[PDB]
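Coming up is one lone chain in structure tokens, specifically the form deposited without this ligand.
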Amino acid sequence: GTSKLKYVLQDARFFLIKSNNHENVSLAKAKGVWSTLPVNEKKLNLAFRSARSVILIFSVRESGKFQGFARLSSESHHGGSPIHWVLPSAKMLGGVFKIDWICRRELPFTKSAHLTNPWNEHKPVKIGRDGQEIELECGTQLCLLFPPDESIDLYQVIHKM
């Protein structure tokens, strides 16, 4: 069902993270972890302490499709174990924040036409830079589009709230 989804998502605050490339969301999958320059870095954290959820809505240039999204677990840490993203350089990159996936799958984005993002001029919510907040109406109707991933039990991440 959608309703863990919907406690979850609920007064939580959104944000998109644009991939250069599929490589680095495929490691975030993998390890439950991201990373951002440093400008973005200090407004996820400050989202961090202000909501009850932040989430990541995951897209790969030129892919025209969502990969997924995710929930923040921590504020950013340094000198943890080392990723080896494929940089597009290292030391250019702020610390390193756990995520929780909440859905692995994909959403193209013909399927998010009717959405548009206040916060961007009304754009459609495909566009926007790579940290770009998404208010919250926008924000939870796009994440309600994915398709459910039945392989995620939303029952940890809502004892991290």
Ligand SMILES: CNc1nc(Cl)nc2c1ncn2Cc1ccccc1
The other form holds:
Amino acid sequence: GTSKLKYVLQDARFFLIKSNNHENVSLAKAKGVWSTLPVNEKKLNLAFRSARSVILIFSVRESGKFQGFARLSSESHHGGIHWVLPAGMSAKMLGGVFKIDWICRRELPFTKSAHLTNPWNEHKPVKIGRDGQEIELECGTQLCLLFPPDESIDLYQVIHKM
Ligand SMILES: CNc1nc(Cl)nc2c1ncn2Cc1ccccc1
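Moving on from the form deposited without this ligand, kindly provide the form deposited with this ligand bound as a structure.
Zooming out: every chain and molecule, the one shown earlier first.
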């Protein structure tokens, strides 16, 4: 069913994550971590304190799809990842590491979200946006509800993290 999912998305904040390659998203799905540039890292830490759930919605550039969505379980932390680094990039830029809990690891093609526009990006289709773009509540909720159900995930523990 979808009731626990709707509860998790209740009053959540949503951010679009644009990865340059699939390898990093695969690594994030295996290890439950994400890293972004310093500008987006600061925005996500602020949002984590402000909302009962912060949702990251992933899209690999040129894939034409979203690859799933996850909930932040922590602010970024350093010390204690073999990211594939794009042109330029640098390991120090990706140094902050967030822990995340996947809510859906299934794909959604951009063709299925063409009816959703994001007020925080000039009402462009939600697939359009740079890495870190915030997605307004209603559009974010409807976008997440479009993904195929991921029956391998139990949201009971996620609800407890809240
Ligand atoms: C592990 N995190 C990441 N991995 C990859 Cl391959 N691309 C990312 C990324 N975070 C943001 N981008 C997009 C971008 C923005 C600016 C210059 C190069 C690439």
